[PDB]
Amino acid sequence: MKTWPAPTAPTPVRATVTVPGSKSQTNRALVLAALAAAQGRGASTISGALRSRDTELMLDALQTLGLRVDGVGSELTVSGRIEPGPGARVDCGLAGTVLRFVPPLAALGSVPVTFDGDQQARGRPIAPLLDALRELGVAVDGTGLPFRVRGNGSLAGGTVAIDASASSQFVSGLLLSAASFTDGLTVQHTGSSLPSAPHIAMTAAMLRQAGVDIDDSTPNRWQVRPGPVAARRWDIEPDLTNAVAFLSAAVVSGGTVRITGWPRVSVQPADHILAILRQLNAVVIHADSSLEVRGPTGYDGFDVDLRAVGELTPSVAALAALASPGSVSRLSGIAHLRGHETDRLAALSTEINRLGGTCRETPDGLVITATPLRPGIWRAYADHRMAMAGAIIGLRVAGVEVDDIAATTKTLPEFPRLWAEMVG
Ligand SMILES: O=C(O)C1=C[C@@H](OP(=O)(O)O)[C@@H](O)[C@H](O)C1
């Protein structure tokens, strides 16, 4: 494969960028639309849906379950029934959301569904969710990929305790399908260190939009009452996490980047994002239905807690590597990143240090000392966000090339074109 040379920014980046839809929101809306259709409520349309590998894997997974998903652009319509064919096999790719959200849904059918994924997915956490499904009476063969859920046409539900410290998606996946369980579900996360609170909250918010009653008033416990899932039209927001990659260009170059269609009230962790950019002394404003970020003339080291927003880690680590020389930054709260698309702590450390940097992995994150970088080959590890972090680095370091820019298809297939258009 040819490398992708990361363009440099010898002068401030100035651009207006449109990012496509949220992966997290698109994939929840697909699941909820599938539940509504399966319950007999008719077809649902998702407007502004992301089209990426993760959402294609999700729509394919729904079609493997017997549903129909129409649309060649950003407008997707879901209709039909859960009626999987003999030996139905869901391909999970490297999509955690398919791996974690689809097994519950499948446990609603009367036909066994097998789940497989990419080689690299087989390393990611899954066993605690499979055990929770067994406790709820679903027959599940296997403790990792490939595994088979042997649905018999209903799932009883009730109460279950789970260790979700490795992934919030274990909670979200149970919550999405719970309204269709005979007695609903009460899920209790046991212990501590539950990452990605905003994504669990996203799940709860979208459930409420579909008319599901969920009680999230006590931390680490959720109660979903049995009931209908409404067929509705979904309006998907831009993906704010991917927007950060583009906004980071403003930050490192002292430029100005605007993101179109930025929501003033969001189901995504907008407030956490904007606060982090402001830590670096970027100026952030809402104007003309867009978000504008003006980078500072320079920035020093920062300490940032990423427990709630761990998917920002690659971009944030790139920012830390590009702080003023000798700056020390500490990224914390992110032990769970060892279980992501790749072990992102290990991968970021390797790649930064290969460029001459100083990144030390810690028990819960990274300590990054900004030092002069040099040319090299930034490896993506089949991880969209590793690829985009190398692009950020390359704005400020000539001769950086990403091995596999196409890893960005996971959530942002047009990244190369959008990035080129931004840098001009
Ligand atoms: O539910 C979701 O849509 C996601 C939740 C988070 O997972 P973890 O809680 O496993 O980190 C996030 O990192 C992921 O990219 C998307």
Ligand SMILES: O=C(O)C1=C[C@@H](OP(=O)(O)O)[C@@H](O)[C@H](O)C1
Second form
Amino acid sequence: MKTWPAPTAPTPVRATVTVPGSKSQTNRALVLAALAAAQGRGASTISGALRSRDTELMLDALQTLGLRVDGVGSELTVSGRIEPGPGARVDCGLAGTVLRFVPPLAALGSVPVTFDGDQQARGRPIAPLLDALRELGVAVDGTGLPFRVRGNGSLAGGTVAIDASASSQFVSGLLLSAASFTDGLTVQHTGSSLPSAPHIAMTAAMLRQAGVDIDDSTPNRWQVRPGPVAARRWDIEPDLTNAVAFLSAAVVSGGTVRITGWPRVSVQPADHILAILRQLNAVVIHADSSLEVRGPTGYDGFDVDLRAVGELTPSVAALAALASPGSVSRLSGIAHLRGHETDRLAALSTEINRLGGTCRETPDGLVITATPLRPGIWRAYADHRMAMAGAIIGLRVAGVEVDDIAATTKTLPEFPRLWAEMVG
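Can I get the form deposited without ligand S3P as well, since the one above is the form solved in complex with ligand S3P?
Nothing else is written out below except the one chain.
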């Protein structure tokens, strides 16, 4: 496929960007609306929902189980119930959320539902979640993708001892549907300990918004009581993860980018995000119906802990590679990344060193020494964030091309255009 030329910013970037809806929130909302429907509480709507390959998959996975999902723009309507036909087969595709949030759903089904995916999907961790479903009543065929959920009519619940070291999504998947389990659920996470805490906290927060009663007062443990999941109107925030790619442009150019409609009240870790930016001496600014970041004139190496916002590593690794020459940055708390279908630690190291950079894995993550970069082909590995990280570097390095910018379609179909409008 042809490459994408990453446009340069030889002068400070000035711009106002609208980023599409949160992928995390959208999919939680679809699963909850699905549940509400199946319980028989009527249709739900999702306003400003993200329309992307990842949400399309959840959409699809959801229609396969029996629900009806309509809406062609940002406004989805969810109705129906869980009635898969004989031989149903959910394609998880590239959506790790489909892989982990939808199998519990099917447990609430009567017929067996197969779960399948591509090569990449298949190298995704999913076992502790499969065993957990077994522990809690569900009959499950397979130890990996593809597997079969043998739904009978309901799910017991009870308490499981699952190690969600491998993915918070194991916990969130269980939590979202546990309201409709028989004995509800009590998830216990073992040892230490939850990387991606905000991801589980976004789920807890949305559950409560749906009127579910969840108890998360003692760390590493969640108690969800059986009860109704409410049909309602979900308002989706702009994806703050994707917004950071855009803000990075202001950071590396000493410029200014405004993100419209930045939520003052978030289910997203906006706090963590702005703090990271202030670490670079970026100037944050709450503007008129926007979030405004003014990049510094330059910046040296930083030590940043990313354990709670692991998804930010590629954009942040890029920022580090573009620090003042000689600067040493250490990206910590992301040991747990080293083991996702897409090892971004190794990915990032590989791609940055191929440009003449210096990026070495450390036991806790990465150390990046800022060294002069050279033209080259930034490989995204079909990883939307790897794609956007290459885009950021290309702002300060001429001749950088991303092999597959269309990997951004996973969470941000219009990235190329939005980036093109921002830079120019």
